[PDB]
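In structure tokens, one chain follows: the form deposited in one PDB entry.
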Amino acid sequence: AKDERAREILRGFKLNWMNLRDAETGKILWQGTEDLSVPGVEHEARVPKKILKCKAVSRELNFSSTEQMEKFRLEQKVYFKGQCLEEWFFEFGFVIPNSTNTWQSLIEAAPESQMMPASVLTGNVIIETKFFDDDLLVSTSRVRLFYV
């Protein structure tokens, strides 16, 4: 029953676009329209290295869902050379059936001392993203991150 509901949600779920903006200035640094949320294939993303100098970035995800969800949410694990560097939890909440929604998250930079150079990070960062509706796992996907 839970297996069937997770299948139904993923079948009706679509990631339309995503972008990253500098939080202070609002200028779009990167935009993707690929469904980087597809579970089977490891996706690649090439983001400008100036992203690392931003005091904070705003990430916007636009998605559609045929199925209603009560507590739509995300868990992200950031791996650097296979070691978990960071863990993030984001909550959207209630998704109206057949709706299309924009979800904005603010991600503030660590102090300058703890920031890692683009030359060290590039190609060695994997972002594993799990999409959930409460405690129900809908999908897992991975993106390999390059800084160019």
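Positions refer to the first chain, counted from 1. Heads up, when I say rigid core I mean the largest set of C-alphas that superpose within 1.5 Å between the two forms. What changes on going to the form deposited in another entry:
- Core-superposed comparison between the two forms: the Cα of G40 travels 2 Å or more.
- Core-superposed comparison between the two forms: CA of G26 displaced by less than 2 Å.
- When two forms of a protein are overlaid on their rigid core, residues whose CA moves 2 Å or more are considered shifted, and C84 is one of them between the two forms.
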Second form
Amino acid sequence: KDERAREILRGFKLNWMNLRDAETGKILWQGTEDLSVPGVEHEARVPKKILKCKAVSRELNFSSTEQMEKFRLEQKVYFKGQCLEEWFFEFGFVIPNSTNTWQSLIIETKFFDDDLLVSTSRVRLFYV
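Alright, leaving the form deposited in one PDB entry aside, put up the form deposited in another entry.
Below you will find a single chain and nothing else.
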């Protein structure tokens, strides 16, 4: 009844997230670890000229052991003030023991199955 829910939660893993320059198709920044682990919000290196890129493609890769029937995604961009970004996407079905990819074209990310929260990811900022 929630034993299942526990299985879902436990079988989900967000491998990596990245940022590309849409006009180029080049990876500016991509990370593969500490994406959803307890602690300091993993961050990384993305060369500041991203604001000089008029188009950016965010891509996520996640694996899931359990089959889900109504998987969705909520991505909100966060620096204090009134909010800069709201992104939603409904995947629907997810195959068991699957590895999937999602990318959008132009920071806490939440994954859901109907209304059970599967995972939360928070990453942050390098205009390095």
